[PDB]
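Shown next as structure tokens: one chain only, the form solved without this ligand.
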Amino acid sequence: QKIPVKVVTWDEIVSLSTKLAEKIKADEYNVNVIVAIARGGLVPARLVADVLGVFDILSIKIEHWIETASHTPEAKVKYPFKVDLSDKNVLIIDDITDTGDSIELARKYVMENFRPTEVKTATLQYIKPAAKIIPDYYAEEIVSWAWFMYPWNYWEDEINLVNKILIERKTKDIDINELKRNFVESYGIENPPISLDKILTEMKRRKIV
């Protein structure tokens, strides 16, 4: 029914990214290479590279799997590969961390497969509740758990949010004005970044409806 949803703007992304970079400047960690976790860490990685002056950005695709019956969570590196990053200080970046599985995994992967001089980890945001393993750097500690909608996820996030509504309410003949109401009601968003008509058009194109 109701989900806590914060729409993050580009400006906030800039603020958070800049704040994260500034912590790294202050700690005097000399980053040679940034490894972005795809897809979440791509944008933050690029912005942080701009502020710090990093030229070498790489990325690793990380999948998140759940086992149906046991509800066991497993993160996995898709399209694994290796390169020689020895003599380098590596910074690993992702958008947001909770259980810390992704960054834990990426850190491990990077140590064994790229063998850098040193690895550190960073995210724009970290949720302290779910926090299992905690990132070396972060822009902002989240206290109030929420669903953060990032500007590089507006489409995907709105699609899923609209699907949760379509599934619960058993809507057959979708009404746009009805949807906007359900949306404002479940999520608190009266003006979604992508207009909900575009979202439906695209859900159709994708054979979701």
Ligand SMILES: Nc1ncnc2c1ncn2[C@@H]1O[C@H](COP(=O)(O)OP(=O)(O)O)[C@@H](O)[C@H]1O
Given for the second form:
There are 2 protein chains.
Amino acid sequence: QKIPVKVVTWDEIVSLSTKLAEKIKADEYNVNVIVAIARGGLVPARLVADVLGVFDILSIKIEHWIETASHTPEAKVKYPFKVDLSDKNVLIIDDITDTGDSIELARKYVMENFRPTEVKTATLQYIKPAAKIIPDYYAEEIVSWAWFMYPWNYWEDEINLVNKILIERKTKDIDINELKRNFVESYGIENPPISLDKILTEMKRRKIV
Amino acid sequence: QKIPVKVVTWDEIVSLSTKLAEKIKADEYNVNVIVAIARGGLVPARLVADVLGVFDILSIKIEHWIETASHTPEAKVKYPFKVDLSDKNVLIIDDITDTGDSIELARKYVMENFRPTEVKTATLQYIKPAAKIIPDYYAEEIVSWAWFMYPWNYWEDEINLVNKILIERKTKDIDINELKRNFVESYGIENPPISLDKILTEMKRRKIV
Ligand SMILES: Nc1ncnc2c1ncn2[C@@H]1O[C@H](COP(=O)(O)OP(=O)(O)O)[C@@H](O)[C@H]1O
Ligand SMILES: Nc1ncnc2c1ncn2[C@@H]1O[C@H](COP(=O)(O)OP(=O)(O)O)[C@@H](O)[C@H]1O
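The structure above corresponds to the form solved without this ligand; please give the structure of the form deposited with this ligand bound next.
All chains and molecules follow, beginning with the one already shown.
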């Protein structure tokens, strides 16, 4: 209920995606197809593709489930398909390597269903202490876990962060100022990229409040 | 000869994606799945998804071919697959509606192979004079054709724009300053987002010069 949060800007996204692409250039891995993990990897994938000169980008949606009693986590490809990717070199891309569960599944899935010559994985960020698996490439190493708010995720992240606060509330009527206070106290954010009243209005429409 | 080029910033991308999402909210179209047209629609798709609250994003790669003698254009899905999307409402997303050839194909493809309850199309921008088809939703109407440099496309676009200049060199050469003045002369860009020497270095590595 008190969470380290880092707001990531577009400029940083560009800077990261570019640095990630540089490593891949320098390693001279010739990428024929990029497989983006949706939704997190879509944006980083397009950027890396721009820098490297990759024209074929495909994507697979990975869901993240938890079993209520056991707290067992299971990553799972939603809407699975197969394509013939032989004689092609695949680069899989995601936003961040946190646990490594998703890039583990993706590599495995891609190798069984797409049948590429080679597969390498790449994420913008990589959390050393938390990652069971290390991606072939990453732009930035994180030695201390935090939640990273990406510029393409601001709405959803803020909705969740706000909700964590509202489910412990004096209740029902929402003082925007108390909320703003709590957001600073809990996450360290004085100035959310999306203003909190816009967030609240949206949570209402999505009837979460 | 001159090409009208407009450089589009991330802030504008955000502003557009958001406005596009607002239209869709206001029309009360309940989107279950977003199908992004790769590569152009990937980024806009992630953003619209953030704003609307859509969790499932799939993508199909559309290629664009021209036959050399007839100048006949043909859009074509590369790496086709099928998934069962029945009882779902699909939103297809691309960056811009220029000719309409790609969103025409995507709509037709998605309805034949995915079998959704309903399909609607949406792009950030829409060029009135050029579009044979009009997307269900768009953020911005363009009444005068130009080429839009998107922030996820800066490298590739500049590589091409530079190459259009280099293939009419007077001599085997490449004075960076000549290039810079030609770029202003031809496209109206004094300050390309990626500096032109970086572009040249990259064209060399890609064996284009
Ligand atoms: N610390 C974090 N900051 C931002 N997003 C995260 C973080 N941890 C997980 N996520 C989101 O959850 C998804 C799955 O996480 P995980 O299964 O650990 O991925 P990976 O296999 O890349 O480590 C990521 O693609 C990302 O969108
Ligand atoms: N004026 C333009 N500015 C930027 N990109 C363009 C333009 N026209 C075409 N493109 C690129 O070419 C792709 C295909 O164009 P087109 O077949 O006309 O698409 P649509 O079916 O969306 O009109 C687009 O997704 C876009 O990436």
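Here the rigid core means the biggest group of C-alpha atoms that line up within 1.5 Å when the two forms are laid on top of each other. Positions refer to the first chain, counted from 1.
- The comparison between the two forms, aligned on the rigid core, picks out a single residue among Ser59, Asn163, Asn32, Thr171 whose CA moves by 2 Å or more, and that residue is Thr171.
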